[PDB]
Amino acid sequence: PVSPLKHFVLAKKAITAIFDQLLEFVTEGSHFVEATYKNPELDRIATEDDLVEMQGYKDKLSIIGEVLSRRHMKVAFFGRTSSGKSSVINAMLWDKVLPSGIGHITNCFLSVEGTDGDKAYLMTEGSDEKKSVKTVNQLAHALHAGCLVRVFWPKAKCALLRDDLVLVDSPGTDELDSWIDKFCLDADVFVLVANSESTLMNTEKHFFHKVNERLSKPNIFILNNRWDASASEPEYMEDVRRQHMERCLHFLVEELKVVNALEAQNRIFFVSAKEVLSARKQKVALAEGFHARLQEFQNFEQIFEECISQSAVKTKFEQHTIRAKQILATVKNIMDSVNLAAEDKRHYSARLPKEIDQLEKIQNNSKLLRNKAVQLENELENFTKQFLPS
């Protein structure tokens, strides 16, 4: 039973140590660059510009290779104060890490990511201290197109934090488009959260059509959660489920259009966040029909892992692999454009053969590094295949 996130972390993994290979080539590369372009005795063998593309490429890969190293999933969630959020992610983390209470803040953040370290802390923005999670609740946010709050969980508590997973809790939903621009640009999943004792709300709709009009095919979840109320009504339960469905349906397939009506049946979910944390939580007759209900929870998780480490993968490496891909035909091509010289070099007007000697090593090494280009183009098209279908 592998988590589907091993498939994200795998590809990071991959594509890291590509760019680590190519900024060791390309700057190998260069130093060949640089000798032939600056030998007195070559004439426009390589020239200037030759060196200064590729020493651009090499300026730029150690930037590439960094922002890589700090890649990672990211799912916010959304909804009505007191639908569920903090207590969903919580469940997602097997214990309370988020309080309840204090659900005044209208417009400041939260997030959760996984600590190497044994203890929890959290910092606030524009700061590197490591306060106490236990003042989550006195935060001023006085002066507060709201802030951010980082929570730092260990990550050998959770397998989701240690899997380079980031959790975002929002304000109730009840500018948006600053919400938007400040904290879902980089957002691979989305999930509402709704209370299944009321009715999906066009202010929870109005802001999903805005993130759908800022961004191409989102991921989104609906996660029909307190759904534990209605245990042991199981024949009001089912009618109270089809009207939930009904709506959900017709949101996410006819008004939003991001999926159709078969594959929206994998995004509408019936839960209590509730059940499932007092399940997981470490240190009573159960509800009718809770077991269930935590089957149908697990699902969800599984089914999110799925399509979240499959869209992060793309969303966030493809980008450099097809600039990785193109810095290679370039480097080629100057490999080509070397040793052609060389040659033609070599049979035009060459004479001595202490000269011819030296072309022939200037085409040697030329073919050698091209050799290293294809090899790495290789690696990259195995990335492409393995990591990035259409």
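Positions refer to the first chain, counted from 1. Each form is matched to the other, and the largest set of C-alpha atoms that superpose within 1.5 Å is called the rigid core. First, how it differs from the form deposited in another entry.
- Of the residues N299, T81, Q138, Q265, exactly one exceeds or equals a 2 Å C-alpha shift between these two forms once the rigid core is aligned, and that residue is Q138.
- Once both forms are fitted on their core, the CA shift for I64 between these two forms remains under 2 Å.
- In the core-superposed comparison between these two forms, the C-alpha atom of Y121 has shifted by at least 2 angstroms.
- With the core held fixed, the Cα of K182 is displaced between these two forms by less than 2 Å.
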Given for the second form:
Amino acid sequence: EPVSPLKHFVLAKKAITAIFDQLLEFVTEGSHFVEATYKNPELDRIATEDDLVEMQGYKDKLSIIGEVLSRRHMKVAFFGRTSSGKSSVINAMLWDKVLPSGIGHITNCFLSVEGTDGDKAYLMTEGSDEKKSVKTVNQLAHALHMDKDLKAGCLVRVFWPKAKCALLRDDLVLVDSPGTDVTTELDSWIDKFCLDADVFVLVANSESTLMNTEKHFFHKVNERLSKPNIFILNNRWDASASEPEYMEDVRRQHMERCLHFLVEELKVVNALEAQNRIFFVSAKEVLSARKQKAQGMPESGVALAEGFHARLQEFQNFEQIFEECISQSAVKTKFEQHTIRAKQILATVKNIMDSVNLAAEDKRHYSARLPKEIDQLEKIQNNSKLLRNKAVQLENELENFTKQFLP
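Structure of the form deposited in another entry, given the form deposited in one PDB entry:
Partners and other molecules have been left off, which leaves just the chain.
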């Protein structure tokens, strides 16, 4: 029963979409009503031109906002020097080899993974919204390899069936980035598809020490952002588990190094909470465990070194902590503004209804005679009352969404 914390975001996205669809209806049901009280000739000064323009203009806005919402997702970007393991991590999070990840696999560019509803994967390049079909991680690798023309820094969106890993179902986009030791100007290309990530992951190789280039990059990032969500995965941990003599000291030296980094060098986090961003893991091992667990075979011969379970736990710990983290942050970052933008539309749509109801009441009160005419004044006054009562119900739904998902 994996209640993956990403579902908090799937839930919120569902809720704010439901409210916005009701709202599109409410303003179109409303525009149809303001279009009719305006066109009526036996009804003057009741519906103003400054109210008909907004009631059609909101109808336009809300359609486009619905489009923007239906696209929002969670975006996590990975970074680190070449062959640290970035592609091995991602594939392990997806329980299969989605991205290529050998030695010498093309690394010159960004590769994102994200889900499609079909059973056929596919691919997209820059400048072309053609969907280039992609049949397997093998032919994806052999294709990239042959592209000598493939631009440096460019973006390649992979679309992988949501029914292969859960992570892709639950609206999460994962982004692999050019090796941070062979590019020099990666801090320039990050503005295209990575500066707006919710969570960044430094995939540090734990057979080494954190080189300045990796740290220098996150600097230039953290300079432009506001307390970004930075995780460090000292990957390849198994390497040092083959020699227990030094395991305590080796870890304590990395763990002190990463701790001092986030806490003191990046100042993005304090020590107490840093302990839930630095993990020691083995992507190659996690991916081997999973890619076998799905096929049916039991947990046999996956551990290349002793300590495999301790390591797997720490990874599952990372996935847990990270998932929770990205969904809380992204729900706020990507929805709190549309929520505020609806409270304003509602607040003015309904006071348009109040001014329509209020005029029609004062028309029947001081300027009305005909049985046929005053019977229109009552159906306009009742409809405006009914629609304004819809607005208040939507205002409550939004108060409720904000209460559940937006403290």
